[PDB]
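Quick one: the structure is below, questions incoming.
With one protein chain removed, the remaining protein chains of the complex are shown where they sit.
When the chains are written out, they are named A, B and C in that same order, and each has its own residue count from 1.
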Amino acid sequence: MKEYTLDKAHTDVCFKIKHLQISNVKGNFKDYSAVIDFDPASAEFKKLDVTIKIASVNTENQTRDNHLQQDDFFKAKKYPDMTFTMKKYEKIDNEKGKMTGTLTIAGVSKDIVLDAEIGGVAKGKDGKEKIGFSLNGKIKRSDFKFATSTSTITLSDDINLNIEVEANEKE
Amino acid sequence: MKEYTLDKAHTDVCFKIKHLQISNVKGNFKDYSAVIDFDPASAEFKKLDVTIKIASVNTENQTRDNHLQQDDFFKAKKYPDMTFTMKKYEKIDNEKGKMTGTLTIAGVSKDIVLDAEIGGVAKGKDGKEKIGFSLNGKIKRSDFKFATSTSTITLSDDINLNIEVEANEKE
Amino acid sequence: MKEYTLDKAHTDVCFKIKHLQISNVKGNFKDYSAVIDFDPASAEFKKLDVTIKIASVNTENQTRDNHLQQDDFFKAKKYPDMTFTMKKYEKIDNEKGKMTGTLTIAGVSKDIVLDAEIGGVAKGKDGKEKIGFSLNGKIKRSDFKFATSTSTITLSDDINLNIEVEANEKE
Partner (left out) sequence: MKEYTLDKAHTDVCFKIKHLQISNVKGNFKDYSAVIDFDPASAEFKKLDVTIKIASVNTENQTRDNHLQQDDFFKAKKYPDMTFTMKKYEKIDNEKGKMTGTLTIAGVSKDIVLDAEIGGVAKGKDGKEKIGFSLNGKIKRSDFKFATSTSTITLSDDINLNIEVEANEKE
């Protein structure tokens, strides 16, 4: 036979191993409109109606946003917008209340509860009113038969909605 | 009540959703030694003995390499090196053969098969011999009771070994 | 050479493939005690204090319940019970309210919100009072540094608490 010594410069002792990694996909929507009816004297919402243009989704990656519009997700061709309609506001105190409404995603509609947190009812710089507030809640993909082809393994059944709102009085 | 118009500049309609992502962890080892006995006339390995200093692991991220040395992985304090010992080379042709040997990781030992692919038996620039060759194979973490605390879900039971070798004749 | 025909009776064309399956682990606790202070005239809880003997966990499989007591979960030796202490009840209406309290699991304590749903305030068969009600809420394993070794992949970070209560007046 014959004996050899490695040449460490052009020798590689390598391995490959596959692991899973959980992560949050976080996005907003650039285009939406809403109607806000709110009584500062009693700190109660009276009407809250929101429409969100699915096309305007932004999850900081253009190739995924496009993918979102396709049949296995949003179907933005057939269903161009998602809507929220307040049916009930149940007051907890002046900072806090429980908002019930109807959400529609791709033409399927379910009633949801959002947690209203009033973050400051001011009379702004110009003598005209402002308000801050947040709406927070969790919805289940399965309740809206959303992304039904994608397993609840790969992508979570749970979607967390955070809506942060500044808003000025009308006219 | 009262009516408000959003101020889109300080309003955010956001969502968070958790998804899984598979990925390969790929690494080498910077420090190892081997003994290579090989007969160019018959293109057969005669002896292949390798020792790899666990401490020298490099998976291009220093905080994971450290973690690798801990009890839930390598136990590098107690078991500072991993070893491979050839017990058998079964020739397929002059380019190809099936190497059987004993691998020991953290003091547990199993016989493995690697796929030997001879990538070129030359007589180098100076009149003295060289050889290229690769060893490739898959081993199961469970066979070596490796990382036993980490599920076969989070991290794959399968480890793929690629060893790429250039090597010069002795003395 | 030579030609052969299969004998289908002792021939098997087989395959193995690994897949993931999500599932709910659902359990109760057989031994716990509570203190219930409740005013039927205003349908408000005044005091709700609960202690649950970790040892009495029942997830319909004895080998997992034992495992639950070990260091990588409950540490039932060191921390034999988990406790809930009401700090606040915020009334929504006569059927509904938001209970805030302190939960302690393995000596770590966080304030939680449970959704109180009063399911029927009767005066029972004997002339003495009864009440039904449920408490429902979600807590995050990570908030209580629970099962910290087990990834949020293998086991969900989210735990759903359902407490169903029938309860009779005292003495």
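Here is the rule we go by: contacts are C-beta pairs under 8 Å (C-beta built on N, C-alpha and C of every residue); 3 or more make two chains touch, one makes a residue touch a chain.
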item: Omitted chain's touching partners, listed by label; value: A, B, C
item: Of A:20, A:48, A:76 or A:103, the one touching the omitted chain in the full complex; value: A:20
item: Options B:20, B:25 or B:68, residue touching the unrepresented chain; value: B:20
item: Residue of C:90, C:129 or C:143 in touch with the missing chain, whole complex considered; value: C:129
item: Interface with the undisplayed chain - residues on subunit A; value: 20, 149, 151, 153-154
item: Interface residues of subunit B (partner: the chain not displayed); value: 20, 22, 90, 92-93, 96, 98, 151-153, 158
item: Missing-partner contacts on subunit C, residue numbers; value: 1-7, 9-29, 32-40, 46, 50, 52, 129, 131, 153-156, 158-170
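Simple rule for what comes next: only the chains that are shown with their structure count from here on.
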item: Contact graph of the chains (line, ring, star, complete, other); value: complete
item: Centre distance in Å when subunit B and subunit C are each reduced to the mean of their C-alpha atoms; value: 42
item: Computed distance of Cα centres, subunit C from subunit A, in Å; value: 28
item: Multi-chain contact residues (two or more partners), subunit C; value: 20, 151, 153
